[PDB]
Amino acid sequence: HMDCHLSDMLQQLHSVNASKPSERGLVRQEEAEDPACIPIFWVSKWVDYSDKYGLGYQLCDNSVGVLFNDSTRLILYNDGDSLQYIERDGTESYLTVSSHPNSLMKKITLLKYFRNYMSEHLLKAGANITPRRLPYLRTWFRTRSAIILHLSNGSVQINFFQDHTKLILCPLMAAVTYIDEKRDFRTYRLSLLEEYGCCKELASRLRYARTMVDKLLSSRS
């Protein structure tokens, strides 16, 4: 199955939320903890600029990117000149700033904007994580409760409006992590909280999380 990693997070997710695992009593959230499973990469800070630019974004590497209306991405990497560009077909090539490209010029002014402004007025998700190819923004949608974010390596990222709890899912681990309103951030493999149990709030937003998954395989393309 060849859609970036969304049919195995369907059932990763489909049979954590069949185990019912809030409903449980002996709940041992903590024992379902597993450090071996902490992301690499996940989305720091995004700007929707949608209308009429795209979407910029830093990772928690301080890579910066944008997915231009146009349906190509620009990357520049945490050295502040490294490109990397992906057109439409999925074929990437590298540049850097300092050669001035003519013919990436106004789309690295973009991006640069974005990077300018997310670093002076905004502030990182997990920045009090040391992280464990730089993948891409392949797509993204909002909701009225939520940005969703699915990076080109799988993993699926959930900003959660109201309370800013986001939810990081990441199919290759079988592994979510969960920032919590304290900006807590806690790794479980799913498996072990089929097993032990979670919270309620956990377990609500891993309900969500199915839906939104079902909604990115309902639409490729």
Given for the second form:
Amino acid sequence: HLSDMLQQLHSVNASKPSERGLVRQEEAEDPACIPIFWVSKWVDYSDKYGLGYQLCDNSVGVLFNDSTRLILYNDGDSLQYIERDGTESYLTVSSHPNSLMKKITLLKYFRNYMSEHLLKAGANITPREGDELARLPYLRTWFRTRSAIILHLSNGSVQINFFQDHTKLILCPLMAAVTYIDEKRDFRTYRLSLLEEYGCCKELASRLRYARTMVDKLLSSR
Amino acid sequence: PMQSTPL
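I have the form deposited without its partner chain already, so could you send the form deposited with its partner chain bound?
Whole complex next, starting from this chain.
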């Protein structure tokens, strides 16, 4: 949850992890905490339709301007529809859900656009695995600043993609972990409490400060 | 940008 994420971020940030005499960032690495999902591609068509995105497992989703969300699974037929009040429906495109046909068409447009024009983030990352019987998250909300796009997934994860240098953070409050993707596309997953104890480089530290500000904002607009 | 990083 956001409240938990805020506590976790406040704790590591208050410890001033980059203002230590010797930094041992490597000691905070925990590959067992790598996220299952993150946003790999996105398109902002919120001028007219909404925000379309791809998850790392190749599923696609859209957060429509009317606050409903639709997800198309990587098998290309399965659907999960989330209504304004959070009601979830599991359907198939092949079944021809009458009320959803226009939304399905828009989603396929997004899927095709992203596949033809956009680079998959975390292409070199292998997500962890857990269950499978019920587990695809949808986009709860998002916003953009002059510096980044902030994506909040229904599984509690918060992702921040920085525009200027292509660096990215994937924060998970369940694992209390952060995955940092650097400008070279190299990545690491760190336990936040271990960064507090062992320190980290400026850069990750500055991005974690920014993340806290973004989380406070998400909580303010709750 | 109105889209994520191009191919």
